[PDB]
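Engineer: One-letter residues, chain by chain:
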Amino acid sequence: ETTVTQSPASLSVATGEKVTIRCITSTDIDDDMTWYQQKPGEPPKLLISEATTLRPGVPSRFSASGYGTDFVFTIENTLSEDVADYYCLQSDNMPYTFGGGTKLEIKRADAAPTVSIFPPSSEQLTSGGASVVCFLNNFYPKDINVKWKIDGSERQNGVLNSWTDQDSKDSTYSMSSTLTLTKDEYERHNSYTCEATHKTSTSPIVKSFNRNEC
Amino acid sequence: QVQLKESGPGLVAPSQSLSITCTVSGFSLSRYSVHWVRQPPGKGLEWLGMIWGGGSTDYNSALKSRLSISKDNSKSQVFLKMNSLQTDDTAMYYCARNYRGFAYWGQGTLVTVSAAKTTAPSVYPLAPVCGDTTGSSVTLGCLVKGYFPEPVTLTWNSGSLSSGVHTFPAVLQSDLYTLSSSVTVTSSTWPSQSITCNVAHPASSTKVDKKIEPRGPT
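As they're listed, the protein sequences go chains B and A.
For the first sequence, position 36 matches number 36 in PDB author numbering, and the numbering has no gaps at all.
For the second sequence, position 200 matches number 200 in PDB author numbering, and the numbering has no gaps at all.
Simulated from the structure, these hints should not be mistaken for lab results.
Everything hinted at is true.
Capping the alpha-carbon separation at 27 Å, the derived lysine-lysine pairs in BS3-like fashion look like this:
no., chain 1, residue 1, chain 2, residue 2
1, B, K207, A, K210
2, A, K117, B, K183
3, B, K103, B, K45
4, B, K45, A, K43
5, B, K103, A, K43
6, A, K43, B, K169
7, A, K5, B, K39
In isolation and in its complexed conformation, chain A is listed as follows:
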């Protein structure tokens, strides 16, 4: 029952400040050290700094000038602050607890440092072509186009249809992300049973559910 969770802004403009909250449970902050680590998209891990149980701080020299860590032992919360943010600070930010290694991590919060503006996605259902050769199995799809920043959460039937799914990483084109997802079921299961794509873009408070309906009369 050792848990950590990062709460961050998601989208920061360059030259502005960043604040991340690490809410922990199952252990007392006064007795364990919490570390901060970041991972630029597609790159390796960088140790950012730490805060000891007693309250002393050690920061990474590279960012020491802009990095600041505090905490509140009572509320089980550790805080990260970054000044003079820049585009090369875009990364996934993790907090982790150290005891004989970084054994427990948060799931990480993605921070995109960019002046671009939040845009909600358009969600499109991708039903099979007409004709096709409907036999043995069928493949449906979901296209999520024109959104910023990452991430987006795509599920199929609220997460129940997780088998035979391929959700592809988003691609950035003209400062807007595009993402897609395929799901393969047996011919007998669709369109008999309903299949729906569930898309959430939290940075824009968007949550869309697009049902995949045949293109013709069936």
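Chain B on its own, in the form it takes in the complex:
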């Protein structure tokens, strides 16, 4: 089969800077190269046909070049809404083969998280489970660490964290951290705390509550 090597696999650029994505095909494919943009939860969206033909309605910031084995996809002035996974595709011979893809993320100014802590719901406590949820919303850069503390002692087991994809509008990230205990272990302690250490502050951001105090 014709192999398609796409580079780089990952890319991070400041708003306004240029993006360059390259796809090398193992054989000469004339100009049977198409380029795609995939946002989270969506199918790929065709941007370029016949190696260089911009599909109508695609911003002029997008362009591509190449004929044969070396094809380049370019974004002149990357905007926030350009965050996505990009893929090339050769349609010259069977089986059609995609490049490995390029994950694009946008560099922006620092943003501190907005932290909110949520005790277990009354409905969950009846079933015998106890989840304490901490939302860390709209921060940048993506790197962040959450430390759960029960009565001042660090707790590691039973924590499930999840990050959103980079936001298309403000280029920030968000995260949810969920500490899941038994109703019993939950009622055996008083203060519950999620601490966020982020580049935006040297002293960690603390959100806490007392189980019996409210």
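Fit chain A to the given chain B structure using the hints.
Structural biologist: Just chain A now, with coordinates in the frame of chain B:
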């Protein structure tokens, strides 16, 4: 008005068969090629095969033995069949139309290949702590715990409250997915106006609407 939509099983057991229906409209299957592509969760795109307008088929050699594509030009339907399914066949499955590129795709159907059993989610409302510092804005939440397989559809006020929402990818723990969602509104808008989390788990015919009510008397 060129559309494609995948209709698939969602949850298949290993060693069993898979069937996906691609219902198209706005063009005639006898004149256009329909392709099948899959995307393992978090990975790249793999071309699976195709069916030409005339009816000839070309499959990807890697899966050719288990892949089979047919269609019915009259009913605007293309069919995918996969034999000897395995855990590494878990992926999102797309059908797409080729004309000067794959310009029109279906939204994709997620197939999870696993022997696990469908479990309905428990939906919990997450109202703010007591105390807090209710000022300028408030953040509510919705916890969807203990379900399988993916996906789940979470919306806020039937989709009307889409601004200031963060729905986080589900996390698998002990063969059961957990998912959460946050929504941020202004202090003046809640609890004055009602806010409700709408959760649908189709694999279990579950649809729950949990209203977010304050923890205290307000």
